[PDB]
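One letter stands for each residue in the lines below.
2 protein chains.
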Amino acid sequence: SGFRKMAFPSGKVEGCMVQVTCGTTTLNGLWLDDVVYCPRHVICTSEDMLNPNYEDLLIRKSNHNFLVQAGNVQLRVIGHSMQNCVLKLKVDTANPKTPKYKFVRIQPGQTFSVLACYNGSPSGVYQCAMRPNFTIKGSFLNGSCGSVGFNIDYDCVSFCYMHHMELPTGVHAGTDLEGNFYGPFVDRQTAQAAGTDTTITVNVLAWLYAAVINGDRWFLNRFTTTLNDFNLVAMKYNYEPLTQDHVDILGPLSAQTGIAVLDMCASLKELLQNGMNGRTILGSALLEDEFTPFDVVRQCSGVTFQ
Amino acid sequence: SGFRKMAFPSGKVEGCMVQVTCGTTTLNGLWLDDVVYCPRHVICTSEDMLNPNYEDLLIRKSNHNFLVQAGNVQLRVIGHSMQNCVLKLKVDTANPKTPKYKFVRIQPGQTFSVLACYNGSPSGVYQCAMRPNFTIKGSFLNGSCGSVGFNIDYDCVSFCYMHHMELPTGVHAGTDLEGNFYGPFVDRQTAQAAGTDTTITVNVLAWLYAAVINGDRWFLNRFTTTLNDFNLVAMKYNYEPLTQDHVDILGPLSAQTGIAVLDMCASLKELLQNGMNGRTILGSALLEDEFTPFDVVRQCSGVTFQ
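The listed protein sequences derive, respectively, from chains A and A'. A prime marks a further copy of an entry chain.
Just so you know, we're using the entry's author numbering here: the first sequence kicks off at 1 and counts up by one.
Just so you know, we're using the entry's author numbering here: the second sequence kicks off at 1 and counts up by one.
Hints listed in this document are in silico derivations from the structure and should not be mistaken for laboratory results.
Do not take every clue at face value.
What the hints assert, rightly or not - With a cut-off of at most 30 Å between alpha-carbon atoms, the simulated BS3-like pairs for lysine-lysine come out as follows:
1) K102(A') - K97(A)
2) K100(A) - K100(A')
3) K137(A) - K100(A)
4) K137(A') - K137(A)
Could you put the whole structure together from the sequences, leaning on the hints where they help?
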């Protein structure tokens with residue numbers, strides 16, 4: 001019983017975090033085998049960030065311009081290259097703590113755990129979602145750049161996010177581990193801003209199923225809806241359209257609870273039109289959209305990771 | 001920027017989790033040096049739990065009745081003893097991954113991270129508080145018993161909770177790592193239930209300071225209050241009394257924001273009397289009480305742990 005925002009255990013990632021310094025900038029890097037991955041903006045001065053040419057800036061660097069520190073041990077940089085917006089520093093030592101891992105580019109609406117780090121040292125772990133507008137609502141202070149997001153599948157760490165910057169509204173932008181930004185953002189000082197966001201409908205529905213599993217049904221009703229009629233309401237409330245693929249994904253939760261997907265859609269429609277009337281669901285007075293269907297099944301069924 | 005429920009990095013604890021089996025019961029244990037700690041109810045059958053005499057049950061056990069598995073490796077039990085409600089199994093191997101650690105009994109209102117585990121394998125990490133009624137609102141399924149709660153201070157893991165059971169309302173009860181229950185609970189099947197709970201006032205105030213730090217002031221007002229007058233309202237809303245020691249603890253957040261503690265109390269009083277009027281604070285439509293003053297300072301200032 002119970003339902004909490006739950007992160008993956010972070011130990012496999014903690015053993016990969018290092019500090020990278022270039023000039024006056026220190027940030028975090030990810031050490032896997034004999035390569036350290038970090039944001040390429042580590043090579044920039046503040047003046048560079050107005051309109052940097054990274055190819056031109058990087059060709060001017062030498063290996064000894066990069067200081068990599070793993071705990072109390074300096075790693076010697078022996079090569080470097082740039083892949084999109086990620087810098088890859090080849091070091092003379094393979095990380096003995098490298099876990100099984102893969103790099104994965106996620107879709108909006110997916111969740112992941114973040115290990116927030118400063119000066120190469122982990123500070124905390126929390127759970128996030130990739131918003132529809134390709135930002136994350138993280139918790140990051142100065143020096144957090146290079147911190148990573150991940151999921152774990154059995155024993156395999158799937159890295160999906162590296163933190164690059166904070167946008168004017170206080171939300172965060174970053175890349176996959178191959179250096180491609182999520183969203184339209186660039187690693188340059190411009191007027192770029194988060195676009196209008198929407199609520200992740202399939203996730204709200206998953207969380208309503210979690211609430212039923214945990215023994216609360218107050219928000220259910222006797223109605224159903226068509227997919228098309230539900231999406232008319234969703235659009236009105238700035239919710240993402242619900243697709244047939246989303247309905248299919250919710251199949252297992254529907255089967256476990258005995259509540260047809262479109263019947264749960266009718267309950268969400270009534271919640272959107274009438275509000276929660278001072279009631280709560282799973283300890284929240286608003287509709288929560290940062291649990292995926294997979295997250296609900298994992299927490300309500302008890303999957304582990306060795 | 002940002003503010004999330006943030007757990008401590010769990011790697012130091014992951015390396016301590018093992019599986020303990022006695023008869024038909026399997027649960028989790030904590031392996032530190034050459035001792036495994038677990039709930040003593042592992043020795044009970046379901047019939048035993050109605051009215052167990054643990055001294056009488058344990059004297060009948062042999063070392064070979066306890067199966068301890070660390071990953072794929074069996075640890076041989078070479079002795080056992082009971083301390084309050086915790087069983088201590090001496091094993092023939094010291095855990096090479098034992099971190100620096102201490103055992104600490106916490107006060108109600110304090111927070112800690114939980115590493116939820118099943119069959120000795122970590123599943124997830126989340127942040128909890130010890131409620132005033134000495135329960136926790138965890139997320140635990142069958143097999144989670146023996147999972148632990150902890151805080152980290154520099155490099156030292158302070159263990160403060162071991163999970164023992166779920167109460168009828170779905171909340172959770174357990175012990176310190178020396179086997180003493182929090183609250184009046186016992187490791188026997190009885191009619192025991194959670195008492196009435198209250199809201200942790202000093203934590204709500206800390207979270208309002210976090211909101212101001214992150215740039216939101218909508219709920220502030222021009223009023224102040226006396227400590228005594230505030231506590232009259234707190235009692236009416238089922239909030240814990242605010243003590244002078246709590247005011248002192250909030251000193252640093254007050255100094256950083258320029259908002260006197262009793263002025264923040266006047267804002268909380270107005271929030272209790274008028275509600276939030278459809279507004280949110282730090283993404284919540286209710287007043288959050290599971291962040292301590294220390295938690296706020298850590299997340300808004302950026303402390304790490306090596």
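Structure-based check of each hint:
no.	hint	result
1	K102(A') - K97(A)	26 Å, holds
2	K100(A) - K100(A')	27 Å, holds
3	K137(A) - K100(A)	28 Å, holds
4	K137(A') - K137(A)	25 Å, holds
Of the hints listed earlier, there is not a single one the structure fails to meet.
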